[PDB]
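Novice: Following the hints, position chains B, C and D against chain A.
Number of protein chains: 4
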Amino acid sequence: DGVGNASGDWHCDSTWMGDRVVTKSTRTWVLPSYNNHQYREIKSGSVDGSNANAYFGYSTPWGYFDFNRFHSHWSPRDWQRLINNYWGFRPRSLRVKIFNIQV
Amino acid sequence: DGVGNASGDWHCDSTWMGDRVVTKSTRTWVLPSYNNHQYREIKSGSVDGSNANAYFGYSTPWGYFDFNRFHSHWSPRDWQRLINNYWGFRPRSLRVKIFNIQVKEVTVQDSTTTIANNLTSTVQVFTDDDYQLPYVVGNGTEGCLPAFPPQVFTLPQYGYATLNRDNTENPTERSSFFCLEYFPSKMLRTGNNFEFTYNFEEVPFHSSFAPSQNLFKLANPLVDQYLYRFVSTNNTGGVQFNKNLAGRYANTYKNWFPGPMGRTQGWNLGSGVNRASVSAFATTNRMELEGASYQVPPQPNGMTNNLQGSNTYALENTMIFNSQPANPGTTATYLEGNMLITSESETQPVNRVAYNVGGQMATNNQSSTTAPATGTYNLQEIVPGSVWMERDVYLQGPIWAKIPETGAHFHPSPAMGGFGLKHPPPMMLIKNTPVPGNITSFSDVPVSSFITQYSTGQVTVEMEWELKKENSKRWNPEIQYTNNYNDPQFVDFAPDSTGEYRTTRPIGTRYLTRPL
Amino acid sequence: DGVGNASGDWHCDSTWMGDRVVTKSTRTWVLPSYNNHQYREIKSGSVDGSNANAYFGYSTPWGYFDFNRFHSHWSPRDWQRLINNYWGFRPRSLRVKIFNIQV
Amino acid sequence: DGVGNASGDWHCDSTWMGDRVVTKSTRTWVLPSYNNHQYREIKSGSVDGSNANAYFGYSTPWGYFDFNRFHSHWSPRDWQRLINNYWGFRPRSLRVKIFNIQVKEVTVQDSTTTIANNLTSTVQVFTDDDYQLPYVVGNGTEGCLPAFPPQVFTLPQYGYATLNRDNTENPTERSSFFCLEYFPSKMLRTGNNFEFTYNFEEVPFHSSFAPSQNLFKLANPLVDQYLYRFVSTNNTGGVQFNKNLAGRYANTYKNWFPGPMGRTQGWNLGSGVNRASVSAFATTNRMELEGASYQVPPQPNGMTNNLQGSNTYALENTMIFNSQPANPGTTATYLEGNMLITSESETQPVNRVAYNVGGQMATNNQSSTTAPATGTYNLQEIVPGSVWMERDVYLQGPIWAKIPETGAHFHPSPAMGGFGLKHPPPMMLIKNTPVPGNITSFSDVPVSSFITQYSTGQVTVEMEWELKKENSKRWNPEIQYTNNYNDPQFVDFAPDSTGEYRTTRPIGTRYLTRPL
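From first to last, the protein sequence lines are chains A, B, C and D.
For full-length UniProt numbering, add 208 to where a residue sits in the first sequence, where the first one is 1.
For full-length UniProt numbering, add 208 to where a residue sits in the second sequence, where the first one is 1.
For full-length UniProt numbering, add 208 to where a residue sits in the third sequence, where the first one is 1.
For full-length UniProt numbering, add 208 to where a residue sits in the fourth sequence, where the first one is 1.
By construction, these hints were calculated from the structure, which means they are not laboratory data.
Some hints here could point you the wrong way.
[To be verified] Straight-line C-alpha distance at most 30 Å; calculated DSBU-like pairs for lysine-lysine:
1. D:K451 / D:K305
2. D:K676 / D:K630
3. C:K305 / C:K232
4. A:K305 / B:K676
5. D:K232 / D:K681
6. D:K305 / D:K676
7. D:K630 / D:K681
8. B:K610 / B:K305
9. C:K232 / D:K305
10. D:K610 / D:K394
11. B:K630 / B:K305
12. A:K232 / B:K681
13. B:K610 / B:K676
14. B:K394 / B:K630
15. C:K232 / D:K394
16. D:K425 / D:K677
17. D:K610 / D:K251
18. A:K305 / B:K312
19. B:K630 / B:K232
20. D:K394 / D:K676
21. C:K305 / D:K425
22. C:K305 / D:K394
23. A:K232 / B:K676
24. A:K305 / B:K305
25. B:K232 / B:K462
26. D:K394 / D:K425
27. B:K394 / B:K312
28. B:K681 / B:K610
29. C:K305 / D:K305
30. D:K305 / D:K610
[To be verified] Simulated coverage check for chain D against chain C, where a stretch passes if three residues somewhere in it have a Cβ under 8 Å from a Cβ of chain C:
31. 387 to 394
32. 649 to 659
Just so you know, even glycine gets a beta-carbon here, dropped at the ideal spot from N, CA and C.
Bound conformation, chain A alone:
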């Protein structure tokens, strides 16, 4: 759209609705330009006296979003509300949004 209009809003919440609970988290991220835009082939030999440490691979100039920790979605208090009252739980869906970008 445009420069002077915001592309999304801030949502942090927890909505308990019986058999479901929906968590929302918003964070502010910063992204460095990695490697100076190029792929590099990274590698290692036997480090610390262990060749299980050896590897061969590639670093890229990309970064990624990782939300695979519970504390990224649950507050200490909602976590307590979950473990003191339920016998189990499992994830059902996921929705992600990236907005308000600034280079």
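Specialist: For chains B, C and D alone, coordinates are given in the frame of chain A:
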């Protein structure tokens, strides 16, 4: 929308439409980035030799809009139009708007400090509609929309105290932390605006009239009572009565009683000698709570701090304002010449005088051997068939207070005046969304270097008030609030030669009278 | 109805249904014949050096059901489920039943 | 209904209808008043020099119906009709009925002990349908409906162990108490009856056939393999191969492997010398749990405890029953002559022998200087492409077990045989409703004197079973379970001269054969 289009207009006004009046105010605010984007846990121990001063809490990086002062909505002249003509009023609705936002980036490279505007930055804004956060608005604190419309103000920083342990700086296992980023908020770029409406819950009209009769002298001064009274015993001890005569108010039977009172100390303003070199604190009225001693001005409702035509004031039963705004944390010793000391003398026909005893009563049992003895009292609470007048509202004072949620209260009318609300106008919080500086490598440790910036914008508040029309049959003319100054050197309630707004007097609300 | 048919069943339970919770309690009571079927006028003078202890009244041959204690309706565990999760509560209705009598 | 009308009828039967068979059993039960109507907390420390014996729990005043033994539903002759003709079977539904109740009051005044019936007393009954209570039914314990229909049985008392702390008698903060009066139950007077139905969840058929081939010799003995095998190295170290010939099963390539095994000790029954004066315990197979050492008979599935035509038995991999029922808490030393020792020898073509090593494997790396070395193993768990046969079901054994709720299990088939169920037939609990003695004054202290009494009634269980029809092309005749006794002194599975039911042998389930 866009950068080159304005998101709202300027509205300042007052529209009187019979039973209603609608006020509109627009101001320009500026918002600093508080704390450098982070929450801090603030605390204090025993300060000034009082552990009631200890606390434990949190400052946040948010600021808030506070419009809980009458002068934020009323001009001196509309206030005069209200108090000279109506018997009461109460708030009905509220509409708020934040618009024309501008985020500015500040860079201080080589002591040049240049301010540029950042077109892509945001401010976050939300209203706490379920009252889930500590409500700090109605506690007589600074940072409200200014009295005078051209003034630009800084929004205050949101902070709160939670529970401290044993009158020390330490928290308790019950102390809570509230993260404000844990609520849903709107983000606004320079082309965006925020709007919010609210309706007040039915509250009683404020009573903007003074009583034209004294509560203890409501009987007709021409007729006697058909009731009698014990007046003595004869030389043998037999009881004797006398009829209550016409107009002998010191003896008539009464149906109603004055409101509750707790004796406060009285001091003389202007002419009138006081005890020299005193230190108030040590002898002020206190209430204990959790093991600490707190001063409790202005004392509970139901008293009068001044007796009309007298210079003795029960200073702690009084609202004391400054003639002008002061800097943060000033420790200057102001004198009477700098203050706007309010007086509730127009409630004296119904409210007991705070610096006098409240009455007296039987202390023993008389018999042929002992004479009846009596003893005065200094405090007396509510009794049935008690009546009093609530404290007055001033133009420079507070409009509402939140009634604390505890499940039990009596007559929810705030000591400082105004309306007591179960669900008051929600707090509106605002902050500059953080923008990280140059970060070149990865770290799991949170970013701590930000671009410094601030915002500014306009805010419009629109309140609808309902009025209670004055319906008197008084024949002679009434007292009115009037612009009376002997040899003015400057116009009051106007900017002076320097451009600073002057106000030399507190304007209350009771000019009209009514028979009890 | 009859001698060889039961007049009711045993119900003890707690049913949580969102905004409501319904508790049920069944107990077995025994009723003595009090006073030997007659009313008596009972009374006392000043006992333990206090005349606030004096009274005049009547005992009857009747007994009564009293369920005005929380533990008559709540188990320790349902009580815990209530005080760890709700901000308040209030009673809405009551239903009582006396059955399976045996003289 | 009423006192002079019966609430149900007697049904004992077996109805074979092709693919289904329906069994019905009725028995007469008696129920004592347990504990004198109260819950007690029971516990034990380290008994017999083993703290695995310690526990903490609760006995209740309830008794329960347990019909988890095959002989509760099958007669010896219907069992024979099942194992000589079908390849498998599984339970489909269950229907239970309790009727013709009679409460008896017992009074022992002056050593006369008279029994009268109390027409107004009740029994409470309920089924735990949500599995909220500790399920004690499928753990090889006594108190099931008897084998023989004319026998009258006592219902066992419900009790359970919860958590004890550190292998001692003390509870932990996690130990739970379950009050059974906290469930909804029916009350039955002498004219009432209780009915209950249940459907089993789809389970795999039990496999009532023995394998007609050995798992390692499935190749055609007439053709060679087109695969070769390493057979040695020449005087220089170069490797040499040989073709896998026809019928040389010791070398062929295999596709499938025998099931898991954990070596158990083997003992000789009848003829066959054993080590004299031994004390099994000290050297039995154990598993540790929470710091204690437990014996684990009958060991996990996948082994065979006996090799056909041999008298060596891996006794702890064996189900050992008594030829008759015993009194509670007997410490007698039974000999082989009193037991019904089961044998799983008909699984030997697929299951490894429990008292032998499981195989061997490479222990080093050969080189010009070291010769290849190998070492045998005593235990080996599951590998991919493993096959084994589950333990057999006996007429005197258990039908099902509850699979413990933990969220993680592997191949839920109980060590003692039978069906493993997520949701098994719910427990049916029953108790005599207490009746207070003569109470003349009031007390807040709970009543502790009751009229002593007991109940009795009939119980009918109706189970539907689904059968898997045998579909063989074997030419020669098969092995069948047959009534074969040389010079019988009494009829087996019949009452003797005293009236006591005799059973001299465990009847398993695998008589029919199938090619692998």
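Novice: Run every hint past the structure and note whether it holds.
Specialist: Evaluation of the provided hints:
Between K451 of chain D and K305 of chain D, the direct Cα distance comes to roughly 67 Å. Violation of the 30 Å bound is thereby established for this hinted pair. For the suggested pair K676 of chain D and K630 of chain D, the alpha carbons sit about 23 Å apart, so the restraint of at most 30 Å is met. For the hint pairing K305 of chain C with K232 of chain C, the CA-to-CA distance comes to about 11 Å; that is within 30 Å, so the pair holds. Between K305 of chain A and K676 of chain B the CA atoms are separated by roughly 53 Å; this puts the pair beyond 30 Å, and the hint is violated.
Simply put, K232 of chain D and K681 of chain D have alpha-carbon atoms about 34 Å apart, too far for the 30 Å limit, and the pair is violated. With a C-alpha separation of about 28 Å, the suggested pairing of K305 of chain D with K676 of chain D holds against the 30 Å cut-off. With a CA separation close to 37 Å, the supplied pair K630 of chain D and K681 of chain D exceeds the 30 Å bound. With a C-alpha separation of about 22 Å, the suggested pairing of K610 of chain B with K305 of chain B holds against the 30 Å cut-off.
Straight-line distance between C-alpha atoms of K232 of chain C and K305 of chain D comes to about 27 Å, which keeps the hinted pair within the 30 Å bound. With a C-alpha separation of about 25 Å, the suggested pair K610 of chain D and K394 of chain D falls inside the 30 Å cut-off, and the hint holds. Restraint check for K630 of chain B and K305 of chain B: the C-alpha separation of about 23 Å stays at or below 30 Å, so the hint holds. Of the pairs offered as hints, the one joining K232 of chain A and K681 of chain B is violated, with about 64 Å between alpha carbons and a cut-off of 30 Å exceeded.
At roughly 24 Å between alpha-carbon atoms, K610 of chain B and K676 of chain B fall within 30 Å of each other, so this suggested pair holds. A distance of roughly 26 Å separates the Cα atoms of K394 of chain B and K630 of chain B; the hinted pair therefore holds under the 30 Å criterion. Distance check on the hinted pair: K232 of chain C and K394 of chain D sit about 15 Å apart at the alpha-carbon level, within 30 Å; holds. A hinted pair counts as satisfied when its Cα atoms are at most 30 Å apart, and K425 of chain D with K677 of chain D qualifies at roughly 27 Å.
Simply put, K610 of chain D and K251 of chain D have alpha-carbon atoms about 24 Å apart, close enough for the 30 Å limit, and the pair holds. As the CA atoms of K305 of chain A and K312 of chain B are separated by approximately 27 Å, the hinted pair is consistent with the 30 Å bound. Of the supplied pair hints, the one linking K630 of chain B and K232 of chain B holds, its CA atoms being roughly 24 Å apart against a limit of 30 Å. Pair hint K394 of chain D plus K676 of chain D does not hold up; C-alpha atoms about 39 Å apart against a cutoff of 30 Å.
About 74 Å separates the Cα atoms of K305 of chain C and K425 of chain D, which puts this hinted pair outside 30 Å; it is violated. For a cut-off of 30 Å, the pair hint linking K305 of chain C to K394 of chain D stands: about 15 Å separates their Cα positions. Of the pairs offered as hints, the one joining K232 of chain A and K676 of chain B is violated, with about 48 Å between alpha carbons and a cut-off of 30 Å exceeded. Distance hint between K305 of chain A and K305 of chain B is fulfilled; the C-alpha atoms sit about 28 Å from each other, no more than 30 Å.
Under the criterion of a C-alpha separation no larger than 30 Å, the hint pairing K232 of chain B with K462 of chain B is inconsistent with the structure, at around 47 Å. In summary, the hint linking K394 of chain D to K425 of chain D is not supported, as the alpha carbons are separated by about 60 Å, beyond the 30 Å threshold. With a CA separation close to 19 Å, the supplied pair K394 of chain B and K312 of chain B stays within the 30 Å bound. Between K681 of chain B and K610 of chain B, the direct Cα distance comes to roughly 37 Å. Violation of the 30 Å bound is thereby established for this hinted pair.
Of the pairs offered as hints, the one joining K305 of chain C and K305 of chain D holds, with about 28 Å between alpha carbons and a cut-off of 30 Å not exceeded. In summary, the hint linking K305 of chain D to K610 of chain D is supported, as the alpha carbons are separated by about 22 Å, within the 30 Å threshold. Here the region 387 to 394 of chain D counts 7 residues with a CB under 8 Å from a CB of chain C, which clears the bar of 3, and the coverage holds. Coverage of the region 649 to 659 of chain D by chain C holds in this model, with 3 residues showing a Cβ closer than 8 Å to a Cβ of that chain against a need of three.
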